[PDB]
Amino acid sequence: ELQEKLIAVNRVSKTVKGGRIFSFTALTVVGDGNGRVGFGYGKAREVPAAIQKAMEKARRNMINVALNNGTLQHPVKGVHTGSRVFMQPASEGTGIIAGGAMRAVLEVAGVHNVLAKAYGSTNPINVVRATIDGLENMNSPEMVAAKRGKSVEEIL
Amino acid sequence: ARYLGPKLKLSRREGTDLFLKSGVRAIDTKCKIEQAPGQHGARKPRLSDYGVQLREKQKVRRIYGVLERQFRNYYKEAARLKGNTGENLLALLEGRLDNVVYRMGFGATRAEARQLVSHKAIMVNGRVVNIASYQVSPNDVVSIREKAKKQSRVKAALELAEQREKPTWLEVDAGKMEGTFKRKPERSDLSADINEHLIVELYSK
Amino acid sequence: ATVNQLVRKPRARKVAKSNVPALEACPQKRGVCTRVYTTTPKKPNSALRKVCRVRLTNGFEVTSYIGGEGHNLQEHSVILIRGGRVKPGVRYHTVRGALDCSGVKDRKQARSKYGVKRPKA
Amino acid sequence: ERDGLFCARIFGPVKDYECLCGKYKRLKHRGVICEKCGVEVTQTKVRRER
RNA sequence: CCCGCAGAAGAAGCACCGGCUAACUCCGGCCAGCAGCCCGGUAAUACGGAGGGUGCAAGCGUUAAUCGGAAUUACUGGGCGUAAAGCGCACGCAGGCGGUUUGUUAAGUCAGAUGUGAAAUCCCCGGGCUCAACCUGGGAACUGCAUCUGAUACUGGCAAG
RNA sequence: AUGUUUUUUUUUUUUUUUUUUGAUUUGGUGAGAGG
Ligand SMILES: [Zn+2]
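Protein chains in written order, with the entry's author numbering: chain K, 10 to 165; chain J, 2 to 206; chain R, 2 to 88, 91 to 124; chain AE, 52 to 101.
Note that these hints are calculated values from the structure, not bench results. One should not assume that every hint holds.
Derived pair list, reagent style SDA-like, types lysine to any residue, alpha-carbon separation capped at 25 Å [what the hints assert, rightly or not]: (1) J/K45 x J/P7; (2) J/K185 x J/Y204; (3) J/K83 x K/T131; (4) R/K43 x R/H72; (5) J/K45 x AE/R99; (6) AE/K74 x J/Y135; (7) J/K31 x J/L161; (8) J/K77 x J/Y135; (9) J/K45 x AE/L78; (10) R/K43 x R/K10; (11) J/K31 x AE/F62; (12) K/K52 x K/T131; (13) AE/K74 x J/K206; (14) J/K206 x K/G102; (15) AE/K66 x J/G24.
Construct the complete structure from the given sequences, taking the supplied hints into account.
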């Protein structure tokens with residue numbers, strides 16, 4: 010039922026007395042095609058192991074996102090470190106208009122229809138985080154009503 | 002202006018059966034449908050994000066037999082039109098005269114249908130239409146003319162169709178050899194394997 | 002930045018100069034070879050790269066790379082240059100198979116890019 | 052046989068969640084019936100009750 | 001435009017396949033050559049040829065040129081302790097902005113109308129050329145400008161606090 | 001007293017078993033024996 014996308018895998022080095030010890034970082038993201046999303050960042054001497062670790066990480070510490078049908082509920086900005094991200098709800102049929110790491114996270118989340126630009130840095134790890142933040146902060150109509158002491162029809 | 006080469010190769014490349022051959026003989030017997038074409042067929046590494054989309058696009062294009070510029074134009078039209086873009090595009094594709102003919106069962110393959118259309122066999126509302134890209138409208142009867150009604154190929158095609166599932170959005174008569182395009186098809190009526198969304202995304206680069 | 006400031010003095014558009022100014026917004030230009038020679042490229046590469054100093058129609062004296070394997074060019078040979086820089092001071096390529104510059108011999112792939120006619124058989 | 056005693060469309064697919072002829076080889080669209088297959092898409096014991 | 005005649009007949013190339021970037025193998029020595037940015041010194045998927053593939057297709061590449069990507073002049077929409085970026089510090093004219101209450105005005109602001117904003121073009125619904133491009137009917141739009149009639153919260157003017 | 005004073009590529013691959021709700025495959029007829 011859960012779908013899992015390895016966004017990026019990057020080789021990182023540590024210099025020691027002998028020379029360079031290489032290792033691999035795997036950035037993954039998992040989701041159930043509904044609100045639940047979670048990214049994981051795993052590290053190991055070999056790639057597959059790292060990926061596995063990342064997946065494991067992702068599977069715990071997931072996060073829920075309120076989705077009005079296939080799309081978002083309102084335009085939402087999300088920032089994290091360099092990567093600042095804008096994403097805007099869009100009409101059925103338009104698809105996920107978004108770039109790179111950002112796209113992957115959206116896809117797993119089960120948003121089908123978005124218009125999304127990543128300003129600033131596009132460092133996958135940061136940008137995915139930013140996206141997640143954006144998703145998280147995004148409140149629903151019901152939630153807003155609850156907050157404000159009103160009905161849903163009062164808010165429209 | 003047409004793809005004239007090996008048809009099964011395309012299918013192999015795609016992965017699926019594209020219905021580029023009549024369906025008398027099963028596709029697995031005619032070719033290694035699982036294995037990709039060329040010297041490096043058995044090797045199959047996971048494709049990129051762009052690449053998958055591209056592949057999807059190709060598949061659809063291949064299925065209908067529409068070259069790139071035309072496809073692009075169609076996409077644009079769909080975008081312009083109200084409602085879901087991918088769905089619209091699909092509808093447009095369906096609407097093609099040759100495609101309609103194929104659906105009806107006057108052509109064994111889509112290629113055959115196209116050929117028939119070209120050769121002034123088909124009429125739309127009693128007027129000979131020669132263009133394969135002709136967008137057939139709702140309530141537009143489309144028939145074989147009396148000259149081409151004697152052809153053995155047509156009957157074979159019909160027979161083949163009869164084995165094949167009948168589309169709900171048409172109504173065809175085997176004896177009269179005239180079908181009514183009743184309505185533009187819903188997305189549910191078409192094949193589920195086609196990811197229109199990917200195609201849409203590809204052009205929304 | 003401040004709106005008032007902007008009003009006072011608006012934002013300057015970055016004027017990007019053309020990296021092929023001897024063309025003067027022409028797709029190609031005709032030129033006569035003042036001299037033809039080989040030159041050694043900068044680090045880390047190693048070769049004798051064939052190049053010709055060309056006096057152009059519009060008056061400029063430039064130096065143009067000669068692509069492909071082998072060339073017929075001499076001094077006083079009328080050639081067409083197209084723009085494109087080889088990665091010191093060469094910002095143009097001779098169009099092979101135009102005017103006096105010949106197509107490359109015995110070439111069968113990317114033939115267009117070296118002026119070569121289709122091989123008959 | 053399509054369509055004889057032991058049909059596809061009238062009853063169900065021999066294999067579980069598979070079009071016997073060729074489409075749906077995972078667990079996403081359980082139900083679609085293409086014209087090339089004229090087949091339902093359910094369980095292996097679904098034909099025992101139909 | 002239509003009808004008849006014959007016979008698969010007269011009709012497919014161009015670029016690319018190291019990564020970005022869809023497509024991989026074999027055979028020929030930092031040369032010959034490639035290159036948009038980041039190969040070649042004898043097992044080169046990067047040079048040249050072949051076979052195989054990929055993308056476009058009566059075109060296909062290259063060059064030039066413009067916008068885009070470039071939130072990389074940032075009105076929308078950036079910054080300035082260390083990355084480029086706070087005048088060495090002040091005073092201060094012009095300029096910009098201006099606490100609070102009432103009254104008034106109605107300049108800004110908002111609303112409605114009238115006149116205009118050529119036609120074509122763009123966009124919407126239609127129609128006509130077998131379809132399409134193309135042609136074409138009606139609409140919408142032309143974000144504005146002017147004038148008249150209102151509204152007076154906010155900003156401004158004037159008067160008193 | 002002093003060090004940019006012998007660098008050359010000796011190069012990286014994007015979705016199933018969801019912490020114990022799931023796969024190893026054999027139908028009638030007739031004859032004979034044990035209790
Ligand atoms: Zn099926």
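Hints, one by one, checked against the model:
| no. | hint | result |
| --- | --- | --- |
| 1 | J/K45 x J/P7 | holds, 21 Å |
| 2 | J/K185 x J/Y204 | holds, 24 Å |
| 3 | J/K83 x K/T131 | violated, 34 Å |
| 4 | R/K43 x R/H72 | holds, 23 Å |
| 5 | J/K45 x AE/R99 | violated, 39 Å |
| 6 | AE/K74 x J/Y135 | violated, 30 Å |
| 7 | J/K31 x J/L161 | holds, 18 Å |
| 8 | J/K77 x J/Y135 | holds, 17 Å |
| 9 | J/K45 x AE/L78 | holds, 22 Å |
| 10 | R/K43 x R/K10 | violated, 44 Å |
| 11 | J/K31 x AE/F62 | violated, 29 Å |
| 12 | K/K52 x K/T131 | holds, 20 Å |
| 13 | AE/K74 x J/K206 | violated, 30 Å |
| 14 | J/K206 x K/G102 | holds, 15 Å |
| 15 | AE/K66 x J/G24 | holds, 22 Å |
In summary, the structure is inconsistent with hints 3, 5, 6, 10, 11 and 13 from the numbered list given earlier, while agreeing with the others.
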